[PDB]
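Apart from one protein chain that is not included, each protein chain of the complex appears where it belongs.
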Amino acid sequence: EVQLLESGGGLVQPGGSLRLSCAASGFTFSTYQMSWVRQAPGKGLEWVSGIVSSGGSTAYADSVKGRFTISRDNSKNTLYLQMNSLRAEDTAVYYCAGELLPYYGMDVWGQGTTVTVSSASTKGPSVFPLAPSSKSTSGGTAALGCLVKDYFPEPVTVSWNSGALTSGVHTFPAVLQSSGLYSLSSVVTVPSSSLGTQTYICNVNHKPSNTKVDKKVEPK
Amino acid sequence: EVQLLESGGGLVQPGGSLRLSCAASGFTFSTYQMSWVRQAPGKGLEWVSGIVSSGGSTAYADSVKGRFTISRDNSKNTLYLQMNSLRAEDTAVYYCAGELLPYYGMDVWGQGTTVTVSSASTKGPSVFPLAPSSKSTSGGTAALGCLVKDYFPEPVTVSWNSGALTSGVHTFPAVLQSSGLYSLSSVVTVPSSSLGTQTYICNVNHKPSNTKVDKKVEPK
Amino acid sequence: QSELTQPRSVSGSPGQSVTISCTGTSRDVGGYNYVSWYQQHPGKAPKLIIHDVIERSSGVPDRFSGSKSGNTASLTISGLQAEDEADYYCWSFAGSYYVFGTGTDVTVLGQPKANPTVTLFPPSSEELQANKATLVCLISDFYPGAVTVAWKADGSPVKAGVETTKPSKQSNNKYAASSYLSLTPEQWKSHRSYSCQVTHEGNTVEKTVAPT
Partner (left out) sequence: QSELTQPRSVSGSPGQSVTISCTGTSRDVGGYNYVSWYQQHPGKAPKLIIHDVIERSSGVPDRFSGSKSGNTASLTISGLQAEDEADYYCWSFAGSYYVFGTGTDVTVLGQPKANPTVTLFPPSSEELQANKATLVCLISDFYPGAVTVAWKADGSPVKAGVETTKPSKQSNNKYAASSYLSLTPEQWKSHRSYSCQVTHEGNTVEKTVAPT
């Protein structure tokens, strides 16, 4: 209902720029103070800029002043953050957050957009099928999966049979290699008896490199 | 970890038969006592049949005695339920559930398999795109979705952009029509500003009819 | 075999306690100390919360407790939280079978008024070419779970071809329903506008579509 929907994150070279957006709905956007809050990997929340319901009047964390500009228009109900002269320490999830009465606090939150500032470049994954054994499947249960190799940045999305498969799916946290590329694996555990009749496809999604792979996992 | 993975449900005519299965893992299947429990739509839990850790020795609810047979094999860690001469009142979700020490209770549960006993045949859905209006796109936010028309039985699965899209997604519960067919709608609310660069595909899955439809949703 | 009788429903306010009784026979709840309680949310498998009358399962807070007195078992839930809203079933061994109780639907009250968000779609191109036309009125995030739907064509009501679901509860015990108007492609084209007019607690919200 009361929602904030953000866009605009990305991989960026140091010195680059990026504009985040946040489209509101289900509430009176015009009457709320709006913030951007970021969170570096493994770090805490950091408030970054605020703009009053009325527009124009704006506050900035010192971390970002002369570089970021918060704006709005209350007719499109949309909040912006122009980020110029990005540095590596600007790498964070950014959140849209609003607060009707000032001083109250904020409890509408966008879902977050990832900004990566690196001297980069994006690498899309190689996807490899992790085939069920003909040794384990003497018993009731079969483990099958997908190996998602050598991508940057974070994150990759993995789902199965286009989202239809849900039960018994564990996608593990990525490993950061020496190379500075990530790899992860998704595994589904399934009744071995299903292996002749049932199709298992892993749908691997990495936005930064515009990569969408579907890979059929078959017994070998 | 400790899981029970069931298969085999379905749409069946009255007088029909079906075999359910339940492949275990994460625990010593052969030392646990195993049950089937079912639940009819809107209704309560009901215990159905039990088999003791060894096999051979079995109990049945009187509702199903002479018609169902619970069995097992502890070598393949699998639990079965043969259901013969099915009638409409047997229409339910079926769960396998296990219990290591007897009279303790059941604390391993499968995810359930739907059994439909009907004289009506499976009907696959028609999927129609519900296009973002070119009106409230003056404002920040747009509603898009998919109309999933005239299927039986229950259920249909809907995901978006093969499961990568999860935020802003509301799939509504189905309407049962006069005809006895179901229809439902799935809706995604998205930033208007995304409606040019971003592709929104709804992935409709209806098992009973082996139907998987991808429908691209575009401006109209 | 026989039944294990629970109240159909009980409601509480946040922070209060409710007790759910379970009455069997000397052959079950009085025929052993093998009484369990199960909690079950919509669409999920039951979770075992109490076993052996009085013992919490791992991870179950002490806000949940079980007891027994003759042929009646009880589950008490204290400090009732939104998340406790669910169906609860007792269970007993009964010698040569097992039995679930009849189930109690526990509602947790408080929770603010929410007015519905209404989204109305007109028939799509693919549907019209198919010689059908469906207007879809989706109603969400309302509390309490009751709404009235009226449809309109130009001014004037329409009543033929309407199908509306009962309100059901979305993730968050906030409610969603749906309403459908089936039209022929040539009645869709005969008016300049169709409306879905949704009432909830005296207050009507309206949406409007048109052939355009």
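Per-chain residue numbering starts at 1, and chain names A, B and C are given in the order in which the chains are listed.
The rule is simple: a contact is a pair of C-beta atoms (placed from the backbone, for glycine too) under 8 Å apart; a residue touches a chain by one contact, two chains touch by 3 or more.
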Absent-chain contact - pick from A:74, A:82 or A:111: A:111
Touching residue (missing chain; options C:61, C:95, C:157 or C:211): C:61
Sole contact to the chain not displayed, among C:43, C:112, C:155 or C:202: C:112
Among A:15, A:55 or A:102, residue touching the chain not depicted: A:102
Contacts of chain B with the absent chain, listed as residue ranges: 1, 26
Chain not shown, touching residues in chain C: 14-15, 58-59, 61-63, 79, 81-82, 111-112
Interface with the undisplayed chain - residues on chain A: 35, 37, 44-47, 50, 59-61, 95, 102-107, 109-112, 126, 128-131, 143, 145, 147, 149, 170, 172-178, 183-185, 187, 220
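The rule we apply is simple: only the chains that are shown with their structure count from here on.
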Interchain centroid distance [CA atoms averaged], chain A/chain C, Å: 32
Interface hub residues of chain C, defined as touching at least two other chains: 140
Per-residue multi-chain contacts in chain B, two or more chains: 111
